[PDB]
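Visitor: Here is how the chains run, residue by residue.
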Amino acid sequence: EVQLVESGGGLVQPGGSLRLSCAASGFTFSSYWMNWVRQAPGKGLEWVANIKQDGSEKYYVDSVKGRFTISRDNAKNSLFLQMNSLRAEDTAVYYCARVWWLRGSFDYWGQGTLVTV
Amino acid sequence: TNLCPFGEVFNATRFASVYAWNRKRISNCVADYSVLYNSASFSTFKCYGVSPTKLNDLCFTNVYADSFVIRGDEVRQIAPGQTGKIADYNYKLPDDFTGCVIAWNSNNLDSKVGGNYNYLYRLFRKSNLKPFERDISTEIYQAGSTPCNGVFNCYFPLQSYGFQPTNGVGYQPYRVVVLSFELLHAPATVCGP
Amino acid sequence: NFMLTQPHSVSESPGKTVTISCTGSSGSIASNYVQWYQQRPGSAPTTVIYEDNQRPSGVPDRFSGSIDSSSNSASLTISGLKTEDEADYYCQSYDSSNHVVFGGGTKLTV
Ligand SMILES: *[C@@H]1O[C@H](CO)[C@@H](O[C@@H]2O[C@H](CO)[C@@H](O[C@@H]3O[C@H](CO)[C@@H](O)[C@H](O)[C@@H]3O)[C@H](O)[C@H]2NC(C)=O)[C@H](O)[C@H]1NC(C)=O
Numbered sequence: 001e002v003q004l005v006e007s008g009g010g011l012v013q014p015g016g017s018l019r020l021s022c023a024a025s026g027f028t029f030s031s032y033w034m035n036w037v038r039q040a041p042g043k044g045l046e047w048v049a050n051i052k053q054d055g056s057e058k059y060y061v062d063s064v065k066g067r068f069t070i071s072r073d074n075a076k077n078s079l080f081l082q083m084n085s086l087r088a089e090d091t092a093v094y095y096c097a098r099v100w101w102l103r104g105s106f107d108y109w110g111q112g113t114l115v116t117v
Numbered sequence: 333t334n335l336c337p338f339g340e341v342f343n344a345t346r347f348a349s350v351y352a353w354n355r356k357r358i359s360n361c362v363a364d365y366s367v368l369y370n371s372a373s374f375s376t377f378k379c380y381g382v383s384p385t386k387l388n389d390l391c392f393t394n395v396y397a398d399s400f401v402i403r404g405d406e407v408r409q410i411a412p413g414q415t416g417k418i419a420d421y422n423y424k425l426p427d428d429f430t431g432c433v434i435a436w437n438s439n440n441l442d443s444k445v446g447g448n449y450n451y452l453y454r455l456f457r458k459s460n461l462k463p464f465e466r467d468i469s470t471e472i473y474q475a476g477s478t479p480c481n482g483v486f487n488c489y490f491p492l493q494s495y496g497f498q499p500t501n502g503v504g505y506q507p508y509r510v511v512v513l514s515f516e517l518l519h520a521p522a523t524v525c526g527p
Numbered sequence: 001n002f003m004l005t006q007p008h009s010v011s012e013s014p015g016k017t018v019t020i021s022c023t024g025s026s027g028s029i030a031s032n033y034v035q036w037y038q039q040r041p042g043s044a045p046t047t048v049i050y051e052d053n054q055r056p057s058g059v060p061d062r063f064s065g066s067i068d069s070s071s072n073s074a075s076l077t078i079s080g081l082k083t084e085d086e087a088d089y090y091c092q093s094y095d096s097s098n099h100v101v102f103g104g105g106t107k108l109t110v
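Residue numbers (the authors' numbering), protein chains in the order written: chain H, 1 to 117; chain A, 333 to 483, 486 to 527; chain L, 1 to 110.
Treat the hints as calculated values from the structure; they're not laboratory data. Honestly, I wouldn't trust all of these hints.
Unchecked claim - Partial list, computed: chain A residues near chain L (C-beta under 8 Å):
id, residue
1, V367
2, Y369
3, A372
4, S375
5, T376
6, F377
7, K378
8, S383
9, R408
Cβ atoms here follow ideal geometry from the backbone N, Cα and C, with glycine treated the same way.
I would like the entire structure built from these sequences, with the hints used as guidance.
Guide: Below you can see the structure in the form of structure tokens.
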């Protein structure tokens, strides 16, 4: 039994910011990569950000460079995504997801946080 | 802990030409594969037979690190069931291959503006290769019916890759490492953490 | 940039089979693993097929797939469609040029 619980969404003004987070239980962060996957309304999935087990390395989709920051606290069992300078383009539900290894599957997903601009 | 020298294999200053691919045996060590399947530096990472999430804790008698440099467009030929100039004349993997094929772009290492011609591949052979064979002879290849006599339709069997920094991606050099795994009746010597 | 594409609309009568393709573009689909996800409307996507041709526990054996290197494409098939199998299916693979690539998504009805 594993669970991913998102929070921190809602409405945000254009050009503003909000910190999303995703609490986890049932597994250890030290063994998994965490990702954020975005789904615009009515559209398919796209990847936004990735952080490794130690928090020592981060990846982003090029379209969010300089606007999004991904971080993780292994002690608090909580993943964070700090996103600044949002645009209308950025309206989506944000899922956090667990990945055993970088190029493998996303074997567990949260329900998704709605973020609107 | 005696760790397996994956570092030395992947951080080697010089890789062999594909026609004369190198082989190194990894044994009597702890194989930490977390340094290979948890990095974005590789363009290709595909395992056959054994899953990346399982090999990390499975014991084998041998791990063979086979390495060479080829064109990016030819990377797809390094696979079980494949055919082509590389799959047939330079480096053949068996249909039941067990192991991982790992490759990355090395355009910033293995190419030169003036042309790096030090990487060779076999262009001609009378027949294809047996899985994991190696053929480094330079006997002049006779394509036609006319005797070559050691020197038209007679070729030096090897050819160079014109590797240059301005080549498009399919023509950029790739460093390929193939980890072939086996389990014999012999006791296993290479275990993960 | 490397990208995956999929058919928008796929459908078939129950009890029959369906193929949902995923093709590569400006890169090789066969150089990495291909995953497939099933998203039922109203909730999160889940894994159905992973690492090209296998499936996680909880997934019925009617879901299978393969990668055709020669066509630079991959697909999953569903046999014996059940009316339960109503979802948006996505293909996913990894690349160095662009880390995680999800396909457009195929809307499958029964
Ligand atoms: C081949 O050699 C390279 C080194 O030239 C190995 O690269 C290693 O990559 C990791 C991931 O980026 C490095 O970890 C990070 O180091 C930086 C400091 O530079 C630190 O700020 C980060 O928080 C993180 O700890 C690692 O240090 C680096 N190794 C070395 C010796 O620098 C590569 O792994 C080797 N290949 C194989 C198969 O071992």
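Visitor: Now tell me, hint by hint, if it's right for this structure.
Guide: Against the structure, the hints come out as follows:
1. With a cut of 8 Å, the hint placing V367/A at the interface with chain L is violated, because the nearest CB-to-CB distance is about 17 Å.
2. Contact between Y369/A and chain L, as hinted, is not supported at the beta carbon level, the nearest pair being about 11 Å apart and thus beyond 8 Å.
3. Using the Cβ-Cβ criterion of 8 Å, the hint placing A372/A at the interface with chain L is satisfied: the shortest such distance is roughly 6 Å.
4. Because the closest C-beta pair between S375/A and chain L is about 5 Å apart, less than 8 Å, the hint holds.
5. With its C-beta approaching chain L no nearer than about 4 Å, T376/A sits inside the 8 Å limit, and its interface hint holds.
6. The closest approach between the C-beta of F377/A and any C-beta of chain L is roughly 6 Å, which is under the 8 Å cut-off, so the hint is satisfied.
7. Interface hint at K378/A: satisfied, since its Cβ lies 6 Å from the closest Cβ of chain L, which is below the 8 Å cut-off.
8. A distance limit of 8 Å between C-beta atoms decides the matter here; for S383/A the minimum to chain L is near 6 Å, and the interface restraint holds.
9. Hint on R408/A holds. Least Cβ distance to chain L is approximately 5 Å, under the 8 Å limit.
Checked against the numbered hints above, the structure breaks hints 1 and 2 and satisfies the rest.
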